[PDB]
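Asker: Here are the chains, one letter per residue:
Number of protein chains: 2
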Amino acid sequence: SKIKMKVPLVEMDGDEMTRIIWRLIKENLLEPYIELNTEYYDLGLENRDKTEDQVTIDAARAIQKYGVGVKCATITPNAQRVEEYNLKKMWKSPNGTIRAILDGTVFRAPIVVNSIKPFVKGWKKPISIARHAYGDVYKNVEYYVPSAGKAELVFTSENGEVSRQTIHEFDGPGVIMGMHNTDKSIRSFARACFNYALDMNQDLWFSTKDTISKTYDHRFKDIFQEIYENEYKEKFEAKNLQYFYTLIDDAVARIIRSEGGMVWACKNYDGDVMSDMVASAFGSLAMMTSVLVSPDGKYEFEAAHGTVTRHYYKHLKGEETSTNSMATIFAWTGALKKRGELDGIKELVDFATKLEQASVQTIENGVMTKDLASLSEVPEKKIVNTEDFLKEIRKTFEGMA
Amino acid sequence: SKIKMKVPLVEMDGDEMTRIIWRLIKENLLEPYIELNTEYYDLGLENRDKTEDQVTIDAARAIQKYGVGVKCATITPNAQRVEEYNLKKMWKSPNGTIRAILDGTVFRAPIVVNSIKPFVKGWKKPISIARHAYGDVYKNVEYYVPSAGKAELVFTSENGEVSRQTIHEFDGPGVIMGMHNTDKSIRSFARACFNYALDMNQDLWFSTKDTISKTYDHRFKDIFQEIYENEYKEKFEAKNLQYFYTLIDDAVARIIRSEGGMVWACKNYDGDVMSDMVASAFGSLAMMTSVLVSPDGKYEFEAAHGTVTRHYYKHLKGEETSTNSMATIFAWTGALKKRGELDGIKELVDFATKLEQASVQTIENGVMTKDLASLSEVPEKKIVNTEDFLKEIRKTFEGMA
Ligand SMILES: NC(=O)c1ccc[n+]([C@@H]2O[C@H](COP(=O)([O-])OP(=O)(O)OC[C@H]3O[C@@H](n4cnc5c(N)ncnc54)[C@H](OP(=O)(O)O)[C@@H]3O)[C@@H](O)[C@H]2O)c1
Ligand SMILES: NC(=O)c1ccc[n+]([C@@H]2O[C@H](COP(=O)([O-])OP(=O)(O)OC[C@H]3O[C@@H](n4cnc5c(N)ncnc54)[C@H](OP(=O)(O)O)[C@@H]3O)[C@@H](O)[C@H]2O)c1
Ligand SMILES: [Mg+2]
Ligand SMILES: [Mg+2]
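Taken in order, these protein sequences are the chains called A and A'. A prime marks a further copy of an entry chain. If you count the first sequence from 1, position 181 lands on 182 in PDB author numbering, and the numbers rise without skipping. If you count the second sequence from 1, position 337 lands on 338 in PDB author numbering, and the numbers rise without skipping.
Mixed in with the good hints, there may be bad ones.
One copy or any two copies: either way a pair holds, since identical chains are not told apart in the list.
[Stated by the list, open to error] Listed next, the in silico DSS-like pairs over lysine-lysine satisfying Cα-Cα at most 27 Å (straight line):
hint, residue 1, residue 2
1, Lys355, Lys392
2, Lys51, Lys3
3, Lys315, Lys234
4, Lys7, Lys355
5, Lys236, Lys89
6, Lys125, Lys355
Hints in this document: simulated from the structure, not taken from any laboratory.
Turn these sequences into a full structure, and let the hints steer you where they fit.
Answerer: Below, the structure is given as structure tokens:
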């Protein structure tokens, strides 16, 4: 008899290679054990295009309603993808949108396995990213300037006052952009990182470029220090774990040089880049969990990598792939784990935790996709294609479940 | 008889630990061999403060006049430094300013030594950063919004037309920022990177976040592809070296995973962060050269790291330091090498090239500062303080010069 679910998972379907893998994961690792209850939204590019991105919006709202989302990597359009898919427009990141609607903090952490040695010598313990989910460049407005004139950054009070600053005097074509974040949102971001480093029992690092961005970045600096001063210093000193702030360039540099083991808070953009640096450096983009947690307690689970286009094209040429499903497995089990917790289905959480251990265990035993092949200390090794990796995880799981 | 110079070097003095080292390098490694001809500008924070940052400006102009600058790491002020130094204001980055005035591209590359093994397993050859020296956040305007109202990005043609886009509707205090770059400048940046990868005989990678920043970043993408299409494809295919564009998150990820050996072009901000990632990951922030090259042919040599505040404070407490001078040595020899080339003083260029080899050679032989101690494959090792490192380089140089 399959495991039964109460509240539905919001399920958001994706693109290209992850879309393929999303289906294989449901059919081989989930549906045979759980009567999967989800509310389906197809965030595939083709469907986002048919519904003029309305589906993305509805899927956000549904996460708010039911409380947990799991989301497949999707394509974010640019001139190339507009051409490739004949899009009505260059749609905004659906992750940007969902994130804007929920607010919150995306937590990303490698998926560790004993016999998988990181590229960076001396990385002995996981490094977590705590990425601010809201604003900055993900909510920019930009403008191409066609020839000479005047760019201005402009604010108009609810009262009367206006201030204008000059962005630049063009005597030629170039680009401009404006963007924003809100203290409310920084404040949630800072508490979320502090909470999280405690929950994890580690130092929190935070970093920006406050010396160059003297008010915007400088705000994030201040709010963190404030929130730390009179809201966490106490609990922190208590556990003997420090809060560490430095310049973003300095921070990457010390990260590379550390043994890992800290939580690393980053503004939106930096969190994007650094979650790729850290997953890759730990082993593979696929070996990393990602969950958005809204201030208001809602969750979206995802992969941190994108849609593996390159692999997708190879698959379309008829080649076989070796694409690593770990991150999207873990998104499903993360989401199912949380669904269970909230609805009091112990069988769902033990299922999820067991499925997670089977997965890691499978790689520990030397069966893994190409991306890990060269990091493994396992003598006898078995590099498998995309499907076989999943069949093999299923084997190890069934034998221990 | 000391070596004689023709045109003066523009010399820009710095702060804290680099200020100390700048003097030790002149006195032990330069002045005893060269009648040093320079035009001195003190970009120390205290002097920038006394002259209300005018000295920074004059030093830029002088680089333009004479053609080569060498520059010590300087402090860029923030609320903390305003307090620490009782500044009349939070002065703008002097590097930002000089860079804005010259335009150009900052090239940074590790300083390789056989027996110094990078932190990132598999980095077998240098990775170079080619950082756009101009604009974006280094020329931002920012504004704190105090409560509700309307932020707008605004452009006004030289003609009549105005366009306004809404940055955001605040009903609360937060931050906003606007910034720009110009096609002229992107165009020079792109040719500079292409030239440079040829001069180096390697693939050029370039990357941004064009899917999210759909016009601004997307412009950089386009201009690179254009300039490549009909200005370098030919020379490139010719040498069997490819031009590679991907998303910035994807790019860090593939970098970590590559064997190095490419030139990696980055927008201003990203070039800052990534030059720290790469120097650190190669060994130390100190083991990296940096030179701005203006479109109009002018050069500023510098360290890529900052002023080593932490070491400075330790030195002030009376502790001895082990601060690595390599990068600022190399700035001086880079600058002297170029001065020589331009003025036809072969003795100056051979001096500089010899001084560079003595330095590397010294570390090859196992004498080095703390930051390298743990990367060295040299059996018998001699970790020295800041001064001794310099005396030891002097020894090895004198014996081969
Ligand atoms: N929805 C999202 O969270 C998300 C995230 C990032 C990008 N995007 C979208 O995804 C599309 C492609 O982006 P991208 O190519 O830059 O990044 P990507 O999908 O993360 O793929 C980057 C590369 O890293 C390796 N890799 C990533 N995931 C892997 C996995 N599961 N198994 C094995 N190898 C893996 C592959 O490298 P090799 O080819 O070297 O084997 C892959 O080509 C873009 O259109 C972008 O908009 C979506
Ligand atoms: N003018 C510039 O190009 C420049 C560049 C960056 C920063 N800045 C300014 O410099 C000040 C300090 O910035 P920061 O502390 O972030 O960066 P930093 O001066 O580069 O120092 C960062 C850390 O990296 C290690 N390191 C850097 N250079 C070293 C060297 N030559 N020898 C041995 N170790 C070295 C040291 O680490 P350990 O303490 O771990 O030993 C140092 O504390 C800031 O006020 C900033 O505005 C200037
Ligand atoms: Mg990403
Ligand atoms: Mg820097």
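Asker: Are the hints correct? Go through all of them and say.
Answerer: Against the structure, the hints come out as follows:
1. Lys355 x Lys392: within (16 Å within a copy, 61 Å between copies)
2. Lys51 x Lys3: Classified as neither: same-chain Cα gap 35 Å, cross-chain 77 Å, threshold 27 Å.
3. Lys315 x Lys234: between (52 Å within a copy, 25 Å between copies)
4. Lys7 x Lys355: So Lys7 and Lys355 pass the 27 Å test inside one copy only (20 Å; across, 75 Å).
5. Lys236 x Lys89: neither (52 Å within a copy, 37 Å between copies)
6. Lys125 x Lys355: within (25 Å within a copy, 40 Å between copies)
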